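So this first bit is one chain, no partners, the form solved without the ligand, shown in structure tokens.
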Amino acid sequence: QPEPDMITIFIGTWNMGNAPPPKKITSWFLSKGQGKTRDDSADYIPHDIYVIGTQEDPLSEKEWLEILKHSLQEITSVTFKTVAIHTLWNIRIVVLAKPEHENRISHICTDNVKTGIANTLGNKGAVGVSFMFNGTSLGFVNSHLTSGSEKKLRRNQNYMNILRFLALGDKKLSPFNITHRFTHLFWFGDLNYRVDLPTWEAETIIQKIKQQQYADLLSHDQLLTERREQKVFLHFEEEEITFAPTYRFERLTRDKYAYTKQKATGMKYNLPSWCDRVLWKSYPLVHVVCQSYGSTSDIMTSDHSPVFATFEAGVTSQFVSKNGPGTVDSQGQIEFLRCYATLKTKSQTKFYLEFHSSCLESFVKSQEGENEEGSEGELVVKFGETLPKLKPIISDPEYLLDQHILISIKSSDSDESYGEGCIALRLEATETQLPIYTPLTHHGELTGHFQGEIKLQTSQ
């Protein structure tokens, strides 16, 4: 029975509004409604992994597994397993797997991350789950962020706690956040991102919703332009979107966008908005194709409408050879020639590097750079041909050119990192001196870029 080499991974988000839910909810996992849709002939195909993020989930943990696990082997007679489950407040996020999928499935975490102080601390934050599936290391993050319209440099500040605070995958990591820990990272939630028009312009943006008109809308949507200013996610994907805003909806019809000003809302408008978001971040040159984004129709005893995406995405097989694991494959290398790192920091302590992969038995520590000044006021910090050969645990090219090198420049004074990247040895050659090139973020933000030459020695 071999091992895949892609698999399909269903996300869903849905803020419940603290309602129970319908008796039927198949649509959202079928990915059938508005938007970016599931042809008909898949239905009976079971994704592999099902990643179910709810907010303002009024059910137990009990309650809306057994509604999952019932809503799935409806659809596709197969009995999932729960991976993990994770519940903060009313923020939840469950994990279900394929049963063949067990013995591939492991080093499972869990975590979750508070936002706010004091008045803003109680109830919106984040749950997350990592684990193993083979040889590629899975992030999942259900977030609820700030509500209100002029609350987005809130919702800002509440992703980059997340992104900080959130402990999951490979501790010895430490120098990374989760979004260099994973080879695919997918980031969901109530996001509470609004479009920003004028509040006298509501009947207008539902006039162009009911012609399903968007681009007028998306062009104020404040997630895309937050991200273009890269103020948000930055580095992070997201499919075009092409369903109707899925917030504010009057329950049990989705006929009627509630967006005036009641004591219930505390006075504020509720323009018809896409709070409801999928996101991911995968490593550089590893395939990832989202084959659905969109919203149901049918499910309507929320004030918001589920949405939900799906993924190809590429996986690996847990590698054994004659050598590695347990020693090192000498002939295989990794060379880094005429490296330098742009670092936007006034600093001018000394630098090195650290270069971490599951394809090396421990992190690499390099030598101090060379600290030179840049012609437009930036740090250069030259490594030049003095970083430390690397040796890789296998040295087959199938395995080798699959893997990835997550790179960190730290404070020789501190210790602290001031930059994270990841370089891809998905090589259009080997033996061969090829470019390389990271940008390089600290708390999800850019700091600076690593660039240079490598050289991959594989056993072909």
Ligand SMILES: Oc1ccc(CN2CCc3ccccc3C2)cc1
Given for the second form:
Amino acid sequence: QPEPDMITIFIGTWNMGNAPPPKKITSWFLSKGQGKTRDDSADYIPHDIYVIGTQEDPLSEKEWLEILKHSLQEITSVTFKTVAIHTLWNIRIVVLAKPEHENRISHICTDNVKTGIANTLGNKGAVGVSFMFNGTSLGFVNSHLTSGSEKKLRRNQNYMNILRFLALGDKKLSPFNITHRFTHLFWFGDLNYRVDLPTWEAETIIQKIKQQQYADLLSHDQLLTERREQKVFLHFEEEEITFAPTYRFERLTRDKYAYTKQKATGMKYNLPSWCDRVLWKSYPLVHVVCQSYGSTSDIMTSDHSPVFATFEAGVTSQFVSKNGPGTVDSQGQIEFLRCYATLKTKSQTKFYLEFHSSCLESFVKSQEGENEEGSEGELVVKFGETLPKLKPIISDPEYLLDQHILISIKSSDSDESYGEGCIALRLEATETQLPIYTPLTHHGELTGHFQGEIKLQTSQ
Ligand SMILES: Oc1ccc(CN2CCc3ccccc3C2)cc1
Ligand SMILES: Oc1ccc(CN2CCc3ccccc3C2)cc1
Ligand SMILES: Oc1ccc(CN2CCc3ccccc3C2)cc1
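Same protein, different form: I have the form solved without the ligand, so give me the form deposited with the ligand bound.
Once more the chain from above appears, this time first in line as the rest of the complex follows.
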């Protein structure tokens, strides 16, 4: 059996509204309903990996796993294997995979983050799973963020707490948060961002939904506007939304949105909103294509409709050579020329770089850069030609061109990262000086840039 170079991944997010599901939920896993839906001709073709995120989930783990497995069994005639299940309060993540992948999956990690403080600690937060699939690292986050139209800034703070504190992936990547640890990271959930229009416009909104005219509503979606203004989810992608708002429905139908203020809502309006979302972030120049993004129309036990998204995702093979793993391949090298960082810092410490990659035996520390004052105030940290020559473990171009180098710029005084980024080795040419670039972030916010030239030598 050849190792795959692509897999398909199903992502589901459903806020179940504390109610048991209906007897049939197969439409969710088939990507059928409204939006970008899956072709009927693919119904019997299993995805490689199913990742199910629930919020307000009233079921036990056993009860939900039996429903999920029996659903997929009916659709595909495949008995899926449980990779991981993790629950925080009523927030849950399940990862299922084809049985043929059991030996391809390793380094399974789970974690959760509880958001907020006192009053605001005890039901919101996130759960996550990571693992390796052959040579590819995969991360998955299911978050239930703070509710309420007037709490977008709290949701943004919940996001930053989750990506700072969720401990997934390779712990050796100590300067890096989850936004840099994975070849592919999927972040989904009841993110709770709302369509920010006046309360008086509720019936106008409903009209627009009935006309399938989502444009004037999406222009006020808080997640899209906060992303455009770089307030949250920096460097994540979302597929275009072409389905109706998934919240807040009257239960047992999808014919009615329940938006008006009630004691049960804390006297808050719930204008129709796209609360339930799937976003992703993949390393540069790795294949990732969204092939469905939509909501079901026939699952009506909750005041939310389930959301689905599916992806093609590039994967690589667990490379063995005569040499690496367990030695270098003197044939291979990575050289850096004319490199500098630009930092948005008022500090004047010296800085050095660390280079982290699973193509290295271990991470490499550079010498200190030369600080220069940027013409518009910034700090320019010059490395020129001084950066180390990296010695990959395998020099075969079929391996090396698929790799990535994580970069952290650290203070010499404190050894704290001021910025993290990633460079693809998927170059247009080898043995050729070529421009490289990454933005640098810390705690998920932009802190600067790294740029220069690279020179990659492979065995070919
Ligand atoms: O080649 C690229 C360059 C920039 C982006 C990031 N995008 C750009 C547009 C946009 C609009 C609204 C909210 C977020 C974003 C983020 C993606 C690909
Ligand atoms: O107020 C200023 C006046 C001159 C410079 C010029 N330097 C020179 C070298 C260099 C190397 C790498 C990146 C940038 C630069 C810019 C910068 C700021
Ligand atoms: O450590 C170095 C890194 C890059 C360069 C080459 N470039 C970088 C950009 C720039 C901008 C403005 C004036 C000059 C330059 C010189 C030189 C030294």
